[PDB]
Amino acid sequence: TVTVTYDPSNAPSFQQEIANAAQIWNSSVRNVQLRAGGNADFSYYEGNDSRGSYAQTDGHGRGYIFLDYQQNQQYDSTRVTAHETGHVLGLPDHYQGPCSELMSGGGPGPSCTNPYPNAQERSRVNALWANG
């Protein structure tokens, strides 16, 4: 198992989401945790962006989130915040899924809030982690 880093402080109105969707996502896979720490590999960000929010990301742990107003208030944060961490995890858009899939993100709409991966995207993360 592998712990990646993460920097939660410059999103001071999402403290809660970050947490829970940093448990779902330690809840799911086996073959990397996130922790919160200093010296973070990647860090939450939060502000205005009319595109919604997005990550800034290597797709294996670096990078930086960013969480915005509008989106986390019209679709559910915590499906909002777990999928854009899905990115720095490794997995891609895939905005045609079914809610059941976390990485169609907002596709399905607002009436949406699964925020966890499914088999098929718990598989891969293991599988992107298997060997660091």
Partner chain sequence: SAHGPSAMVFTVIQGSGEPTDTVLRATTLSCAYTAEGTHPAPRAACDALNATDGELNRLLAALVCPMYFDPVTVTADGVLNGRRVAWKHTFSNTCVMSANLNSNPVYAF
Second form
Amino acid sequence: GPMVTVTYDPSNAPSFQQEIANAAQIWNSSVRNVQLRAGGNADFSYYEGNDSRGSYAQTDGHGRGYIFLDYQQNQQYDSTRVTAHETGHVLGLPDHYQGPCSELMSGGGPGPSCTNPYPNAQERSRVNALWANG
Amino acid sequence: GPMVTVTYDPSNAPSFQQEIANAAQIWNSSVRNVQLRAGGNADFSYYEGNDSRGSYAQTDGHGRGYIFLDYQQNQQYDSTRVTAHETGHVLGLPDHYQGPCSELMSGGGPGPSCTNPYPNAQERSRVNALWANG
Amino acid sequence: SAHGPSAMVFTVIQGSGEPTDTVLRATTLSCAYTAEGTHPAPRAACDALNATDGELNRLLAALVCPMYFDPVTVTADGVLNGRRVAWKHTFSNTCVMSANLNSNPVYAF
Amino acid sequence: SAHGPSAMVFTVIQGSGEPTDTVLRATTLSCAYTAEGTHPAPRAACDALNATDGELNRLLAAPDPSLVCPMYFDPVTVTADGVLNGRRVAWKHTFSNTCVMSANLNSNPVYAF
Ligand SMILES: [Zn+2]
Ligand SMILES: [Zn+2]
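Swap state to the form solved in complex with its partner chain from the form deposited without its partner chain:
What follows is the entire complex, opening with the chain shown before.
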């Protein structure tokens, strides 16, 4: 069982209902110490719209904050990788732009051709370490 | 003949001796009120190196200052258009980024495919006008 | 006046422009031989920036706006014509911001 | 420990950082899902910027311990302005001379422009 269950609100991102579910499924099946659950008085929320900066996340790195998903960027880059990547920031992982496609937290670094939405061994280990004692 | 003869120093740009010479020939054959002297104790100078910003000019716009020519940019964009364009700023012309390739002062605006190094009649006349009494 | 290369960061902040204030939008712009940056229209942006002739207050050139209080700030930081600059302006609300800027390509991001 | 998108301008200025001082070099950097800007190495720069954890003085936390610098005065100033982890920031640091700058920054990818 998880040490913590983190609640997310996907209601403000109707265009990304599937990729938000995909992200939660990828993470829940990748880590054991923390689990994601859809709900109402959520720890963090998903938003959508247009931003010249693209998709991003504004978070404390421990389940609280919000994720913004940009319309144009999610048409050029794989939406599930984008959503899973940003969910990784709320779980406490930083970006590693110099990383390869096998590294989910490299984000857009390896380019738009990169479609891998799964966190690697080191990433899965880091998230388990961060959520080990809640 | 001309009203003023402006001296330039190309000594600090050995990799661009040909394009500096082409720029001076383009302007001397395009305007009559001002002319560019091969060298000496110059009014303005040419430099070369590496700048993330690329090629640029720092000038008062009335023959004084300097022009910096970037190595990488001059391999992607036409070197003679770059050099002639920047020489235009020392002659007092501003940039018009939205302008077409026929407009020398549009610079890199129309893209790397643009190779025109000659100022159109409107550019040539403003320069003649700025050095008429100046 | 004086001509030089420019490298700027433009922002729109929720509020007075305090350190804890939420950034609503931000972009980068660079003008030299080429107009580039993360700005959606760099060519138009760079020409609009050069039109000010160094005075960023010239970006403000004034339909009827309602009188509600919900402050918002526009900022500009970086290199303008080879000299380091820092500018900000606070509007009473977003309608008043749109009215003053009137679709200036610099804040069209 | 706060995470957010960043959009910054970095500059190196000849002198104390006075209004009339010459801007030797400048570059832009943007970190969100993608690392971009006019920076020659955006990926490396964005990673180096995130390592500071919001405190830009940490860009000076790893100096060159063996580089022996002269003790003369020819000031150089580095600046950073923009959005850092979703919050507006302004930072500057003036070094005694360029050697002192080289040694303190110790080829930090942020100022590798
Ligand atoms: Zn130009
Ligand atoms: Zn990221």
